[PDB]
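Only one chain is given next, in structure tokens, and it is the form deposited without ligand DHE.
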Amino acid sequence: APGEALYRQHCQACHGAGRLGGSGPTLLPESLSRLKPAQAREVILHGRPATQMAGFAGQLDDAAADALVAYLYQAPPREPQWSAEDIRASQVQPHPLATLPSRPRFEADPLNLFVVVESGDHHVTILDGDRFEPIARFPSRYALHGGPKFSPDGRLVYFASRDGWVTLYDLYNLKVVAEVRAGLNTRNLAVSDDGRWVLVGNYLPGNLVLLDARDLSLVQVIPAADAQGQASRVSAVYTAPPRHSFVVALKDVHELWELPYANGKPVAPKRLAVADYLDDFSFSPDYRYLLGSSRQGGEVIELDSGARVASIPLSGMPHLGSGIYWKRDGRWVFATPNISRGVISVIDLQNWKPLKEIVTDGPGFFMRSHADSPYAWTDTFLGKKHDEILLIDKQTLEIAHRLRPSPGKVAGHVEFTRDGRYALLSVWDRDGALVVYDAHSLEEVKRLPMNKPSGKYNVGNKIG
């Protein structure tokens, strides 16, 4: 085909042999699932503003650009592999933990640090959570995915990237400890509650990759396949601390997995049959129940027996993974945003009966709160109107307040300081910002300019 030859001559230098990546990102069909071919075409011709991807309009014509786009989105004749041997060969260890002191090199409170993902230019900022000033900034792997995870004591932070790279960062020494490429297209990762294991959930290959959390060395590649042998992508991996287990959502088979690690490296799944494909898990506070979205509403499964105990039909497809729990009149309640409709659904835990449907302007994506806050903070991140953060009173279940940090720009995602006194909102824009708010007065206290900040993650709240 003409695309391949054009690719070798003009592209392989940076995007690598087989489109696996190199200087530039991986360019497999899975890698480009969020990039429409017309957008890829414009990137190839004119480049990406303010990056190392320059335009090629002067080197190739319309037919050559179309040929290249067609090649990038075409499935290869055989699926690319990423073996145990590939994984081990990719490990690097610039600052092994054995060689580093175990003392914070800074004066900021280690438990109030924010890890801030700067997705516009693929950097990470480490923020002093009391001064709201950076103590470190470093370039990350391209297109971080899934939000960072922490070691149990909050000293170490683990990043996963779209194209399969895992990064271990030591917050005390402000240094990259190790990196490894666990797959070719990665969904997210999870850290065991005893701090020993990293479990990586991959789309490509369809597998789980188990790493030693101290140096990102390979422990075992676990192919994702149901009991009948049918291959599957991993949708997401989660930690269930009271069960000392990983819980795995599988994209393409009627199974979900629990991998216990109390007795050692979690290499053997306990398989639980599900009636329908189930991903985007949420866990009840006691981790006895799993709330998932089925390909057909919400499904409540008991983890031990795997029995389906209740079904909750809700408008549109609710984003159960982002839902949160709190006590309202001395009884657990659960609230979830929605991907296609503009509503916040509130469910009663005791009976799994819906309590109230709070109507909003548009579909949202994020939800957060704090023991010290009387509101649940959410958004309409996915709607046509999307510059407002909504504060839903935990008791009245109504939008009590609204926050509009940058009128006209996408506002979304909220994280608090460890004591809940301040809330940090992201304006997801090239001319974006991290906006600090007093969580009780609700007034803007500070604003940090950033290129498309996405999530920020408070050590204290993430490990508490």
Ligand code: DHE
The other form holds:
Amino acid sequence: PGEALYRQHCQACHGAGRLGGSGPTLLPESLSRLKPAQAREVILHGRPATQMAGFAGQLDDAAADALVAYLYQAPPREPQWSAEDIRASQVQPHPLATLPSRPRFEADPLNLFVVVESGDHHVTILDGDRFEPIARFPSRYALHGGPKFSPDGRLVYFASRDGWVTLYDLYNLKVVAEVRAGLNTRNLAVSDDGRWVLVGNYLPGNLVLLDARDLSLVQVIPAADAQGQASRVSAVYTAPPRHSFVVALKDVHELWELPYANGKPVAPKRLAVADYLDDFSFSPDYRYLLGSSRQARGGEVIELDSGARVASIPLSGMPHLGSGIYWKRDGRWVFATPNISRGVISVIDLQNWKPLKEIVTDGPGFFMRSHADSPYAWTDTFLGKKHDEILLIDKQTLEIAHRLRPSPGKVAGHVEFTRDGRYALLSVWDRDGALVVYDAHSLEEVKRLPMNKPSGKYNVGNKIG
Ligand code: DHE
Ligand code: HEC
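Let's compare: the form deposited without ligand DHE is above, so bring in the form deposited with ligand DHE bound.
Now the full complex is given, and it begins with the chain already shown.
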């Protein structure tokens, strides 16, 4: 009965077959982060300050539950998104060929910040020296993952949960092109020569290769092991020194490398893995791959050339290895990583792959960042009842040195530095949130920009260097 209800009240914005429109996509995969009870409240009483109105006046309890069950029930057949669908979605409001190649502003283009405002779905381009905005524009719904840049830092590529890819030109402050690569998307990667964008999708289970200059479609690459078993893509990353993309697969015992030195990467090199990999991190020299297993079997280290498993790292809880950092301690490489289920910062010695120590915190965090100029590692306890402070771990002592509390009570997380590391920018993820600027040397606040749930911020210089 929910189908008819959806057609009369919802399809006006959430689109036919729930694929999206004025409002977001409402497939089961789309709502994986939304509990049905929460989806039920949003339907009855709407979202404040959004175009989603409450329907409690037109629907009763039975109809309410019917819609909820309908949204979370799998369709009789899996929805498609073909090459034809992708090409038809392409738009090009400002092709590069028609735009000059000089910045239209004073700000240092290498110190600009891309700031995601996920509360009202906007993006701010921020002068990294004055800490003031030079542009702001609405974005696609639910941006996730770090926006990727071109090698020269001029272009930036956004990926939305619902599969929309946006190409923005920082020099002219204009949207260049957009295309829908899939229905449920993880992340995208840009090749180190600037030619290619590779989109890793959950739904469909495929990779989508786009031309990096206009987001046009090059080829759709189904994700399936050598036996033909279909799989979702966990994540895609670029290995510059290897001039290749590296793809983690969610559901098959396979790992892919797609080289692009000799042209469009459409043929994968398949490496067998003993256990599934959800996310991974590259060693500073891209020789080794640190992978986190879905099962609590600890971490896994793999040599990329051969594909051999060289070490197994026991890890407390479930480490978010994909966002870890490295640095030199006693002239030796060390690796730190936050955690999703336990309040700990796991630190690993790269030399013998031996875990050094486990730093205790007030709860599991989501992010970790540093800089060659900062003597600390900056992490958080994003996922805990205590979550309003940003922890600064001294690199040499491996102990929580200082703590920053931008807005007591509200959730704080994610750090990004200016290109010279002189300042650090922190986010307060709240409806009454803010982007807060701190002197990374004196650790004193300098400026505060109110924003509606600002998420990540990304410095051009640091990301392309
Ligand atoms: C694989 C991956 C990346 C690296 C992508 C890249 O940049 O190439 C990433 C990055 C990110 C980055 C990029 C930061 C960076 O510094 O690069 C941010 C801000 C972020 C905010 C969130 N992440 Fe993320 N995130 C996951 C996966 C990932 N997140 C999950 O699996 C998880 C736990 C659940 C999910 O449904 O995806 C998840 C939940 C969250 C959130 O709910 C956050 C807090 C808010 C949101 O928008 O959903 N993730
Ligand atoms: C256009 C005005 C809409 C109609 C008609 C319906 N919905 Fe909606 N919905 C719309 C928007 C723009 C948004 C996004 C709000 C925001 O966060 O900015 C939503 C949101 C939802 C959600 C939450 C999705 C999520 O958080 O992941 C749900 C579950 C939802 N809408 C369901 C829903 C149903 C069942 C509708 C018919 C009764 C319906 N919506 C109508 C826009 C519009």
